[PDB]
Amino acid sequence: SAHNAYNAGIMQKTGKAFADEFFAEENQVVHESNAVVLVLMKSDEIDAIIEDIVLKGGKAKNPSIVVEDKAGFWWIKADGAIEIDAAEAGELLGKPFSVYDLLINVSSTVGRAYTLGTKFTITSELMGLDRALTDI
Amino acid sequence: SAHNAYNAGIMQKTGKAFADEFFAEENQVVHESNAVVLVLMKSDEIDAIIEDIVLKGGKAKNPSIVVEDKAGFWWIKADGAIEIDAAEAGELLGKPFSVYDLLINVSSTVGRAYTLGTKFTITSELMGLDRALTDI
Amino acid sequence: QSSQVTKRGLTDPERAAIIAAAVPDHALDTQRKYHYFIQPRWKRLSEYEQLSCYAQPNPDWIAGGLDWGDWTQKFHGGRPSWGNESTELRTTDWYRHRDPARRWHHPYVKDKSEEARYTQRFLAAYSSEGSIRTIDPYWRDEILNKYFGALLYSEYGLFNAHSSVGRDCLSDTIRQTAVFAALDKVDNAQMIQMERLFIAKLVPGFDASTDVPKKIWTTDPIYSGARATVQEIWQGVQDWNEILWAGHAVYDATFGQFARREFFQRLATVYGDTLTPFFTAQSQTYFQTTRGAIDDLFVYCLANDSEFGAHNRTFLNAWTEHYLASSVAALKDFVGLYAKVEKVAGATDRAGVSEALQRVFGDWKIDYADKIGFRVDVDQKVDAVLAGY
Amino acid sequence: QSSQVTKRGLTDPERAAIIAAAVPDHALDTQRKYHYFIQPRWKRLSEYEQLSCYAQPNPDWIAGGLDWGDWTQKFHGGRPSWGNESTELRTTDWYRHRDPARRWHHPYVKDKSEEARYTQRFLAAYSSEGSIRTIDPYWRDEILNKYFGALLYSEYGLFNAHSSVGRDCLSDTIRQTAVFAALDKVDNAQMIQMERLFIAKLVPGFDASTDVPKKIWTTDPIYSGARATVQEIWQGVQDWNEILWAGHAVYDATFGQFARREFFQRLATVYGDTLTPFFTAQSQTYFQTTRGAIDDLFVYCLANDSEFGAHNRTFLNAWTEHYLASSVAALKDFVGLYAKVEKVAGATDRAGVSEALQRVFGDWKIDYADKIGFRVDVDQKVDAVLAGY
Amino acid sequence: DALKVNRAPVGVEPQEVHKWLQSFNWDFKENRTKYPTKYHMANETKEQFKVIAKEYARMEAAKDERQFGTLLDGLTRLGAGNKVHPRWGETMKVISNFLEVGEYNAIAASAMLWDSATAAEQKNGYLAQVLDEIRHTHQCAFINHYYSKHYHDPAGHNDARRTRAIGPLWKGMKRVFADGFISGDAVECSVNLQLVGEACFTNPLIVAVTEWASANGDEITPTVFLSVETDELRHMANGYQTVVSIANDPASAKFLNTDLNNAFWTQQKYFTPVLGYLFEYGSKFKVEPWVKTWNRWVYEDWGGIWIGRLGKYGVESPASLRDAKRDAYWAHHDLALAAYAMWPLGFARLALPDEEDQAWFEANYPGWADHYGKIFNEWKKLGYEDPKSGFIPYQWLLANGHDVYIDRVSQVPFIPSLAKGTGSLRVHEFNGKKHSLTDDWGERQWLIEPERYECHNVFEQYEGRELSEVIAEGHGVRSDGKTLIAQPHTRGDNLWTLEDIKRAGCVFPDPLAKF
Amino acid sequence: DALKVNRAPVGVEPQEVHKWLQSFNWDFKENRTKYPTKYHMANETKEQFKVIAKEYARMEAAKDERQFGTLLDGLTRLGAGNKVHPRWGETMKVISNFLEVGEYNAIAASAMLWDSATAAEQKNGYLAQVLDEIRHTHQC
Amino acid sequence: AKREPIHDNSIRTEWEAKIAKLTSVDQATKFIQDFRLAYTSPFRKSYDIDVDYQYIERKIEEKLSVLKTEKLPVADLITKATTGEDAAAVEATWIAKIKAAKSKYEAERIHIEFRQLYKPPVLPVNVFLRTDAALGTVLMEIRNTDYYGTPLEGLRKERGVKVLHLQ
Ligand SMILES: [Fe+3]
Ligand SMILES: [Fe+3]
Ligand SMILES: [Fe+3]
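Chain order of the listed sequences is A, B, C, D, E, F and G. Once you know that position 9 of the first sequence is 9 in my numbering, the rest is easy, because the numbers rise by one and skip nothing. Once you know that position 82 of the second sequence is 82 in my numbering, the rest is easy, because the numbers rise by one and skip nothing. Once you know that position 177 of the third sequence is 177 in my numbering, the rest is easy, because the numbers rise by one and skip nothing. Once you know that position 312 of the fourth sequence is 312 in my numbering, the rest is easy, because the numbers rise by one and skip nothing. Once you know that position 407 of the fifth sequence is 407 in my numbering, the rest is easy, because the numbers rise by one and skip nothing. Once you know that position 59 of the sixth sequence is 59 in my numbering, the rest is easy, because the numbers rise by one and skip nothing. Once you know that position 82 of the seventh sequence is 82 in my numbering, the rest is easy, because the numbers rise by one and skip nothing.
Hints may be right or wrong, so weigh each one.
[Claimed, not checked] Think about it this way: if two alpha-carbon atoms lie no more than 30 Å apart in a straight line, the pair counts; the simulated DSS-like pairs of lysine-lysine are: (1) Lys286/E with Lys83/F; (2) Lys502/E with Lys214/C; (3) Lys110/D with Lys119/A; (4) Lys340/C with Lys343/D; (5) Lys46/F with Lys201/D; (6) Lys146/D with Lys4/F; (7) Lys215/C with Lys332/C; (8) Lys30/G with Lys433/E; (9) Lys95/A with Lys19/F; (10) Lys63/F with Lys149/E; (11) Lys157/G with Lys99/G; (12) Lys29/F with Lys365/C; (13) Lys514/E with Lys502/E; (14) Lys434/E with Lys104/G; (15) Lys45/G with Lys434/E; (16) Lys29/F with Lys215/D; (17) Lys102/G with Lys254/E; (18) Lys21/G with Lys434/E; (19) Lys201/C with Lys19/E; (20) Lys46/F with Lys63/F; (21) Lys34/F with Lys19/F.
[Unchecked claim] Quick list of simulated restraints, FRET-style, between CB atoms: (22) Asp354/E with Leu92/A: 36 to 42 Å; (23) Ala87/A with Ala20/D: 45 to 51 Å; (24) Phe37/C with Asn62/B: 52 to 58 Å.
I should point out that these hints are in silico values taken from the structure, not numbers from a laboratory. Don't be surprised by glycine CBs; every beta carbon is placed ideally from N, CA and C.
With the hints as extra help, turn the sequences into a complete structure.
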């Protein structure tokens, strides 16, 4: 879990300590990561999804999820994949809510993200290469 | 003009001075007024209409107009009548603007108010009794 | 300016600091679901139910009410603000109705606004297209202008029948259903007149005034049974359940559906009318949305109320007997219009009109009659109407 | 949480006080009209012009540009990011075009969203109405399913012709006009397939797959001239003015208008099709909105450019000669479809088809040909098409 | 022909359709209103706003999108729902849910007026109002729904359609903004609803309140209420059109001024004390003295611009106006005594005026400190806020001879031994039942019309029952089943429970038993 | 027949239409991109977001209404436009107008990619981006 | 007195037991008329069950209404009062009585009594509402004529109250 914090690892160092790790020779190539990053714009609907889906059922199925408050948006990082069912969001909110309505306030994806049925998924998997995309 | 201020007349007195005028025998019946009161909800479109129509052309044709800032709304009082042409508002704003769009942010009328063509009018006149309503 | 310019507590540094010091650091209750105690009709409480249910302040002596005591002010003589004396039907809970489309005010005007603006874009393009050129001018000036124009008075009469319903009915979801149904009916009347005014701009000397349609509605034998039923439903009764049931589930579902869909819309697509089906697309959509809600109120709920279902069907069957006879009469007058149009096999010949009546009456039997136990012989009603052919 | 929770300068008392101390008590300029220097086409600057005009960073060596110098990075070999080599036509100012509907992105998606949602409400009601029951099943399964279905490939081909236009064209208002025109064409293709999928849910064993329509488009002689013109307009040329003019002002205004309005929409309203006119209402509305903008670009502006009008008409007349011949050929193949439908006098007989062609070609002459000086004999083009009847 | 036609783009604008509306009605002998009325509305009345159904929806949907944008997007992202002063977030439980019943009953009232009118255009103006009042019911609901989700105390925001039934203030709201709109002569209802209720009292209740809301940190209420009143102004026109439509009816000369004065007194009897109580005692930061707000909006502007201008057509300045002015100065302070003393029957948390509130009251209402302020400060010393005090001021009033009565007509409480506003106690026996009346205008209404005014009062219903059992039965508790929704302070600790109420031993008496 | 039919309410959802998009392209020898490239994009590529034109508009218009609500109604009434620190209100002159040119040129770039692709679904993903970048030009 | 709870108490439970024993339209009509004469309006005979009579009244109507649909022919539901009288005849009769009234005190008593005797389910809803509206129109015209003419001291004596206190 703590490896997915915004300020994990090198980010906790300041001053010279930061610089020496930033310029270390091990850190001049990218390091493959199994994480995904999801950014949700703050709104009435999103704040309910955060509290009653992501931080309850979501964290239960994926204990690696970290959610951070960045004032205008929620920053979310997890191992592997995050999944949000628009049909469950609609029941929580009490109003019609398709996957396209969910996308109204999904603001960024660092990962492979896709829509299938009522489900929005952001995954570390290389969709279209390692696993095929499908129709309904 | 100063007779149309929100705090005109008795409203400037406080304490006992206010009470004695409020309970004076002359003030236990209503006094007919030739004024109209118009309340405009604050918004991007309304704030432009206030500055470039009401406080320029409007006050030129009717020097009795007083506009006061009541935080969420503009309070406007004038002698006789106030008139706003939606077609002039649209040219100022650069976008389609009917009389019905103008009504989106007109919040109160103390007076006889009506729509005819592109024009919204609030008047002291007793429309339908002293002067007839017409079609286009 | 003469008065203080008020500082906002949200953004003024001083006031925001004072407000921040007074707000507790924790919530004082954890129940955040607005009117959490409404019983949901579906899997979870909907926003439509939350915003609507129990806004009506009924006491416990009106079935389902949560309040107590008498009203504060009644009519001269004692008529209560709302009361059980307003209808013959009875129920264990007047708040049990749900519109299946879940329309509170915002989705309702949102949808009609889409239709409002798209209609004007379609008219501007239709005028630029010149598509009026292919309409049979006899259908246009004779059937459309005069007899379609007269149908607006049926829609307008059904609209006005809702005035006492909107005052008298006994719960909030029923009242929303009734008011939206009323506005859609007067919308239909205004749209028919919009079409006539539109044609007047494209065809010189086309007269879009209502004078002729009004004369036809009031004096032409073709509409005499319809006008009589509508005048009765509107001004002859005040039981608000009787008005809704007679208006929508009998008259409009039989005569109304025949006139709008089987006559004016269907025959538009034999005489080359590309304009009228755009408007009937709206009235028919409004008819099916209204039907979903009437069905829930009368068929699903009141006819099966655990204590009063059979009691309620007694009145529903009586009403249906009376108003279906009026509607059959109205259709028998109406089918005389077919003498005024060119005979097209399978459409305006006897076999065509007979199949169209089998559709209206057979649909009505499945949609309504079977579900309240009303026994009807479709063939017998078809033959009664053809008597006027 | 691991990172600071940032205090908002709008509402935090400390930060708001610091910000308030730094803001001056007076404005530093009085000019508040965004891009006040755009020359307005109408009485006053519109928001559409303010948000669109000069977003394209053209230098002074592309007519109308406000910037200077060469591009920072060009293609291998030297092709410029944008350049005069992209089209034969010339003008004193590429920014002079205005869409008369003044569509920037928001009004565009606002209007299409209304059509999106209303369409689904209309389909749900149309299915509940049972109105499919009155459609001639031969028109339904033979003409509609197969030949209307194949027309989606014409719309889809015209959509794809805009890909290089969207990359190559030389100003911001032209690019918006072209992209919106492209989306409306692919919308038309998707709507035709939506209708077929809808019918499949109501009529068992109706096959809504594209297999048969695609075979008809690619191999049926009825569409052979149309497919050839569309393949040419799409992949045979890259002058972006030639593509827009050939695509919308010649091919789609002649063949396209005949196929959509005079065949499929008009004959829907002789064979009792109450469903198809709902969809053609959209394509025809999209056609007239697109035409307003194409007209401004080519007819009002480029054909009258103060320095290049006659130069530009030279190319426009040449293009028109070539693509009108292709479109006449395409219509001559297409009218063979009339052999497959029942002969209705004044509609599908020779006199009917002749009047329909007089409408398309006569409208096109007023709308387009007269205005660029192109000489056309309507009667001669009607006769050339009837040769295939 | 089939080849030539004009192909310029044209549509049909709303006012072109509206022109033909008057001709939609038609004559038959049964075409008359179903409702009892002394008046006849003229057949040719026209309406001031030319609205048809399609343009109605277009206009209202555009108001909604901007409002729901501000609420669900911008203000939620700013966290605005919990940036309100607690006194004001509590006051909005009452303001928005009480206003809701007025919005709801106005649906039925306007439909009754639509029935009364003969002119199609006049029917159409009432019809638009029928639709607006549904909009406003849902808008008031949305305020409390939004506060339930985002404010630190959702109790009472989340259940007022049932918890309002416990207390006495709700009864008075039902008279002015529920029964008063729908029970009576259609024209009496019209003056109650449109000419007075809407054209006069919603200016303070809906417009002027937004400045008080903003002062106290609430930007939710202005967003919605200022949009509510955009519709309200078309209802002010409806009320005026009612008057126009009966102006040539000889019945109006006989009756109108009596219906107008009854309605003006009905409305003012509740709103004059209740709004001033909620504005001045339910806020931390005050905008201006309530009596000045009333002067500006009620006496000078509404009275001069509506009533004064109608003098030329027989409308008189209401005879009850002088009594209303005394109420505008003192009656809201009178009501505060009753509201604070009976705090456990409410559904909102209250705060006694603090040292700087008290300075403000005394400066603006000289004599407040020696009458009301002395009482509030005594109650504070007796333990008003402290749940271990066993002190509830209603019994302190009783112990000192300061009995509370409920007006049988208006349902407004009255404390004759302490009141400085208008009124005096009349206690009558009639046919074995005792009745308390409190002013000359309401006593006349009851004496002439006793079968209109049979409303049970809280003392009749609760007689002999202990406070905590009434609250429990009414569900006046938070989700733990024991902490009261209502509280006598706005702090986050030391909340009162049912057992703290029970310890006080408060039992409802019959106040008229002594007579 | 002309009397019996199923009358349950049905529509057609966006993903039902999208399923048929891949089959909208067709083969002819001149069907290849107009632009110079060293690469060949595979004919069978699928897209991650199943968007059609009508649902594109519905989704984007709903984003717009909430945004323009907040800006033109709520933040204007609060006076937010002049509550910014001067350094930052100056910086936004540069950030928003410089970003604007990226939003604008991305319209043309995505159209060029739409030309490069052979798979209709891949064309469709670039096409949606063409429309978004117009949106973003107007937003900046 | 010590009231019981509001919505569930021994008074309402006892009256529900009585109501459950009604078995014929004739018996239930007499029951509901006696109840309404006894316990409703300012001229009721007893205020004893003041806080419960409206709920009890609802339950009597429910029983009478069901009995009507079980035992009466359909045509009777539409055209007759459960007293057996013709509904149109009841209507004409009571409008005649009120229009012959000479004071507001006679008019007021006629209207209140009509409601006590004929409130649904006794009379059919459509006929009842129409008659009650006609009666109320007359009552208002009488009462609202010269409304402020009589002083309170006079109205108090005309009404017949026992004045227990005047401050
Ligand atoms: Fe309202
Ligand atoms: Fe209102
Ligand atoms: Fe972008």
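Here's how the hints hold up against the structure:
1. Distance hint between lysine 286/E and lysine 83/F is fulfilled; the C-alpha atoms sit about 25 Å from each other, no more than 30 Å.
2. This hinted pair does not check out: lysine 502/E and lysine 214/C have alpha carbons roughly 71 Å apart, beyond 30 Å.
3. Taking the CA atoms of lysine 110/D and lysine 119/A, the gap is near 26 Å; set against the 30 Å cutoff, the hint holds.
4. Distance check on the hinted pair: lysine 340/C and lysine 343/D sit about 24 Å apart at the alpha-carbon level, within 30 Å; holds.
5. Among the hinted pairs, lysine 46/F with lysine 201/D is consistent with the structure: their alpha-carbon atoms are about 26 Å apart, no more than 30 Å.
6. Between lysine 146/D and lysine 4/F the alpha-carbon distance is near 24 Å, which keeps this suggested pair within the 30 Å criterion.
7. The straight-line distance between the Cα atoms of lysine 215/C and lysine 332/C is roughly 20 Å, inside the 30 Å bound, and the hint therefore holds.
8. The hinted pair formed by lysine 30/G and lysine 433/E meets the criterion: a straight-line CA distance of about 26 Å does not exceed 30 Å.
9. Proposed proximity of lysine 95/A and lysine 19/F is supported: the alpha carbons are some 27 Å apart, at most 30 Å.
10. Between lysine 63/F and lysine 149/E the CA atoms are separated by roughly 22 Å; this keeps the pair inside 30 Å, and the hint holds.
11. A C-alpha spacing of about 25 Å is found between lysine 157/G and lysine 99/G, which places the hinted pair at or below 30 Å, so the restraint holds.
12. Between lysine 29/F and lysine 365/C the alpha-carbon distance is near 59 Å, which puts this suggested pair outside the 30 Å criterion.
13. Of the supplied pair hints, the one linking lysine 514/E and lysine 502/E holds, its CA atoms being roughly 26 Å apart against a limit of 30 Å.
14. Of the pairs offered as hints, the one joining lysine 434/E and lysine 104/G holds, with about 23 Å between alpha carbons and a cut-off of 30 Å not exceeded.
15. The suggested pairing of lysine 45/G with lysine 434/E holds, with an alpha-carbon distance near 14 Å, which does not exceed 30 Å.
16. For the hint pairing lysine 29/F with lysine 215/D, the CA-to-CA distance comes to about 17 Å; that is within 30 Å, so the pair holds.
17. Among the hinted pairs, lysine 102/G with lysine 254/E is consistent with the structure: their alpha-carbon atoms are about 19 Å apart, no more than 30 Å.
18. The straight-line distance between the Cα atoms of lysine 21/G and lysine 434/E is roughly 35 Å, outside the 30 Å bound, and the hint therefore fails.
19. As the CA atoms of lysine 201/C and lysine 19/E are separated by approximately 16 Å, the hinted pair is consistent with the 30 Å bound.
20. Distance hint between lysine 46/F and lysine 63/F is fulfilled; the C-alpha atoms sit about 26 Å from each other, no more than 30 Å.
21. With a CA separation close to 27 Å, the supplied pair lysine 34/F and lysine 19/F stays within the 30 Å bound.
22. A hinted range of 36 to 42 Å for the beta carbons of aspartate 354/E and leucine 92/A is consistent with their spacing of about 41 Å.
23. Here the CB-CB span from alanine 87/A to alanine 20/D is close to 47 Å, well matched to the stated 45 to 51 Å.
24. Our hint of 52 to 58 Å for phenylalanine 37/C and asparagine 62/B holds, since their Cβ atoms are close to 55 Å apart.
Checked against the numbered hints given earlier, this structure breaks hints 2, 12 and 18; the rest are met.
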